[PDB]
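Q: In case you want the letters, here they are:
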Amino acid sequence: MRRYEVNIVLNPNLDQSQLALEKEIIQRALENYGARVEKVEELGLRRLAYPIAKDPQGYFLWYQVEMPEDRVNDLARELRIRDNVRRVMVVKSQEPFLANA
Amino acid sequence: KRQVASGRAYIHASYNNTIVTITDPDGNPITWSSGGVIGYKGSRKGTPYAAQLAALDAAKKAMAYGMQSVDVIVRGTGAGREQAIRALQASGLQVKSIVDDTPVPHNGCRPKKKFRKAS
Amino acid sequence: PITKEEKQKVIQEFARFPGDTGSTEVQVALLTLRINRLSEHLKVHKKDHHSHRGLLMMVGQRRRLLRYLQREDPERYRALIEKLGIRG
Amino acid sequence: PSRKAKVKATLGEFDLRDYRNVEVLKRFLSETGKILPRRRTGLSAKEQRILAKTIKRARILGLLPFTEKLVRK
RNA sequence: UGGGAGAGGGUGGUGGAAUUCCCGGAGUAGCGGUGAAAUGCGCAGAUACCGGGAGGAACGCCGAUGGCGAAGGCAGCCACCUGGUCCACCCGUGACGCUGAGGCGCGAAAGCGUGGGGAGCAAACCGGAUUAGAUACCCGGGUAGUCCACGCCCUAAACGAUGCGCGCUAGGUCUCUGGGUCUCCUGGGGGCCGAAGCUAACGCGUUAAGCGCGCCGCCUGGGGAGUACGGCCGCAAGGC
Ligand SMILES: [K+]
Ligand SMILES: [K+]
Ligand SMILES: [Mg+2]
Ligand SMILES: [Mg+2]
Ligand SMILES: [Mg+2]
Ligand SMILES: [Mg+2]
Ligand SMILES: [Mg+2]
Ligand SMILES: [Mg+2]
Ligand SMILES: [Mg+2]
Ligand SMILES: [Mg+2]
Ligand SMILES: [Mg+2]
Ligand SMILES: [Mg+2]
Ligand SMILES: [Mg+2]
Ligand SMILES: [Mg+2]
Ligand SMILES: [Mg+2]
Ligand SMILES: [Mg+2]
Ligand SMILES: [Mg+2]
Ligand SMILES: [Mg+2]
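Chains as they are written, first to last, in the authors' numbering: chain F, 1 to 101; chain K, 11 to 129; chain O, 2 to 89; chain R, 16 to 88.
Incorrect hints may appear among the rest.
Partial chain K-side listing against chain R, Cβ under 10 Å, derived [stated by the list, open to error]:
(1) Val47
(2) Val82
(3) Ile83
(4) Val84
(5) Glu92
(6) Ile95
(7) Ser107
(8) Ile108
(9) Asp111
(10) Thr112
(11) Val114
(12) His116
List of simulated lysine-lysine pairs, DSSO-like, C-alpha gap at most 30 Å [to be verified]:
(13) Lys71(R) / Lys39(F)
(14) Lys49(R) / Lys54(F)
(15) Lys54(F) / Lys19(R)
(16) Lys19(R) / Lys123(K)
(17) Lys23(F) / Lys39(F)
(18) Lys19(R) / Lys41(R)
(19) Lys54(F) / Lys71(R)
(20) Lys68(R) / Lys71(K)
(21) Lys88(R) / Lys71(K)
(22) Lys106(K) / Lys84(R)
(23) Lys49(R) / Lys92(F)
These aren't lab readings, by the way, just hints derived from the structure by calculation. Where a beta carbon is used, it is the ideal one built from N, C-alpha and C, also for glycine.
With the sequences and hints as input, model every part of the structure.
A: In C-alpha cells:
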C-alpha cells in the first residue's frame, strides 16, 4: 500500500441533498479499489483563481487514502465519470520538505 | 442609442495599423475606428499620428452615444499603442483604468517563418 | 519496485552462510531477480530501448560472475544454474 | 536591479511542497501569474524548483492563476 | 544496508494560454500586407469585440551561464512500469579486472510502406511584387511532409571537430548534487582563470591537448572521387 492524496474540486452550486449523495459514490469507488481513509479535510466552497466548468468557484474535497499502486489509475477513471466531480488530482504523499523554517 | 454612459475602449496595435473599439459596459461594441476608417491607406495607418486620430475619432462617435467613463485595454505592440492611449487621455472621456492584456501563448503554434529564425 | 523484504529473502535463500551479503551466489541470484523483472517489462514496452540497454548491462554482468564461478568452484557453478533456469 | 524586498524574508516558516497553502504561494507570483525569477523569490536552486512544481501543481487544481492582466500602466 | 538529485526511458490520463474553423450577440467599412506596393479577404457584413463549441499541435513564467542520458537526444501536470548514477557505513565476495576485430542493438532531420490524423507551418506548385532577368530574397495562397501506430531506412558540422580505462603532476574562482563536528573539510558533476609541462601557433592546463601504461579505430600530397567496378544491405531513395 502506498500513501496518496485525492484532491477533488466539485460543483459549488450543489445542495446538501446530492452533496452527501456524491460523497457516498466517492467513498464507494474509493473502497471498491482499495483506498483506506485517513486525515481528511472538506474545506468547502472557495473562489477558484479561474472559472472552471463555467463556474467561478469550487467545493474542495481533500483526502489521504493509502491504496494499492497498480489500482490508483483506475481509482481515477471511475472517479471522474461523475458530473459534479469536475477535477480529480491524486498525488503521492511526500514528507513536507520545509524551507526558511 | 442606448445611452451607454460608461464602457470600455479596446486599443489594438500592430506594426501595420491601429484600431480602437469602444464597447458597451461588457463586451458588445458600439463604434470603432482605425487608420483605415480615417484617411491613411498605405503604411501610414501605423504611424502614431494615425493611431492618434483613430482613437480620437473612435471616441467622438462614442460621445454621440453618450459615453463618459471608459476602461482602456491594450493589445499588441506598435508605435500607436501608448500613443492611442495617450490620445484617449485627452479626447473627452474619463479613463477609469488601463490594462495591458496582450495575447501571448504558452507556446503552441509554430509561427510564420517571418517570426521564427530561432529554433 | 523491489521491496526490501523481497530482496532480503533471496539473499538468505542463497547466502553461503550468515552475513553473506554479497557473494558470487548472492549476486547472481540477485542479478537474475532484476533481469527477470526488466525482461517481463520489455515484453510490454518494446519501445523502451533505454531500459533495454540496462538489460545487456545486467546480462553481461551475470555472465561475468558466472564465468568466474565455473572456473573457481566448478561445482558451485553447476549448483547455481541448476536452480535458476540459467544456461538453457 | 531588484531593489525592494525579497519574497524569502517577506515570509515565515513554510512548506514548499504545500500545493494547497494558497495564501502563502500567492506571494510567489508577479502582478502577473508568471512564477517569480529566483533572484526575487530569494529561494535556492533546489527550493525554487520544488516551489515551481508545487505552484504549477496547484494551478491545475484551480487555486492559483495561470495568467493575469497587467493593471496600472 | 541506509540516505540523495535528475527535461534518463515506455504506457495511460489530464491542464491552461494561443491559432484555425463553426454557432450566436453587438457592430460597420475596411482588413491585410510592404521599403513602397500589390495579389488576397470583406456589405452573402470581414477586420476589432463578447459568449459558446470542435479540433490538432506545442508547452509561457519557472529556466540558468542549471540538470539527466552511452550517443542521437530529453523540459506543462498526475499515476503506473523501468535504466543509469552520487554519497555514508566500512558490513559480504576475493582479482571476479580493462579494452574489444567480427556479431548484435540504439541511432537527429529528411525520406519510404500500410493505416489514421490534419489547427498552425510549409519543399513542389499557383499568384502578387522586385529586377535588365528573378525559375530568389519580400507579400498572398498552398500539396507532400510536419502528428500518431506499425514496419523500413542508418545518414549528419551524428562536434568538445578531442576513443575507452587507470595512475601521477600548484592553486584560485563560480556553480549543481551528497556526507560532516557546516569562518569551513570531504565526495561526485558543470564552468571560467591559471603551476609545472605541452603545442607550429591558437590554445590545452586534476573535466589535459601534461608524465605514463593497456586495448581498439584511423591517417600517409592535391584533383579524378566518396566516382567506377565488385560484393553486401535496402521496397526505393540509397547506404557500407
Ligand atoms: K478596397
Ligand atoms: K557506420
Ligand atoms: Mg471564442
Ligand atoms: Mg546536442
Ligand atoms: Mg576472506
Ligand atoms: Mg533514424
Ligand atoms: Mg521523421
Ligand atoms: Mg509516411
Ligand atoms: Mg500559410
Ligand atoms: Mg517579372
Ligand atoms: Mg510563402
Ligand atoms: Mg486550408
Ligand atoms: Mg558543437
Ligand atoms: Mg570539480
Ligand atoms: Mg598564449
Ligand atoms: Mg586555462
Ligand atoms: Mg593522387
Ligand atoms: Mg554518399
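Q: Taking the hints in turn, state whether each one holds.
A: Here's how the hints hold up against the structure:
1. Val47: 25 Å, violated
2. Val82: This hint holds: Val82(K) lies near chain R, its Cβ roughly 9 Å from the closest one there, short of 10 Å.
3. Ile83: With a minimum Cβ separation of about 8 Å from chain R (threshold 10 Å), the hint on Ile83(K) holds.
4. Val84: Given a least distance of 7 Å, the restraint on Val84(K) holds.
5. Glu92: Where the cut-off is 10 Å and the nearest Cβ of chain R is about 9 Å from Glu92(K), the hint holds.
6. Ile95: With a closest approach of 8 Å, the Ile95(K) hint holds.
7. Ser107: 7 Å, holds
8. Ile108: At about 5 Å, which falls below the 10 Å cut-off, the nearest Cβ of chain R leaves the hint on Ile108(K) intact, so it holds.
9. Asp111: 4 Å, holds
10. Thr112: 9 Å, holds
11. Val114: 8 Å, holds
12. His116: At 8 Å from the nearest chain R Cβ, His116(K) passes the 10 Å test, so the hint holds.
13. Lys71(R) / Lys39(F): Given that 30 Å is the threshold and the Cα spacing comes to 24 Å, the pair holds.
14. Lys49(R) / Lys54(F): Between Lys49(R) and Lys54(F) the Cα gap is close to 23 Å, so the pair holds against 30 Å.
15. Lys54(F) / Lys19(R): This hinted pair is violated, its Cα atoms lying about 39 Å apart.
16. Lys19(R) / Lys123(K): The given pair, whose Cα atoms are some 41 Å apart, is violated under the 30 Å limit.
17. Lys23(F) / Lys39(F): 16 Å, holds
18. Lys19(R) / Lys41(R): Answer holds: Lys19(R) to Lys41(R) is near 18 Å, not above 30 Å.
19. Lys54(F) / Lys71(R): Roughly 21 Å between the alpha carbons, so the hint for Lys54(F) and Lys71(R) holds.
20. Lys68(R) / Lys71(K): Status violated; Cα separation ~50 Å.
21. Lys88(R) / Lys71(K): 26 Å, holds
22. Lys106(K) / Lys84(R): Roughly 15 Å separates the two Cα atoms, so the pair holds.
23. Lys49(R) / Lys92(F): Between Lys49(R) and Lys92(F) the Cα gap is close to 26 Å, so the pair holds against 30 Å.
The earlier numbered hints that this structure contradicts are 1, 15, 16 and 20.
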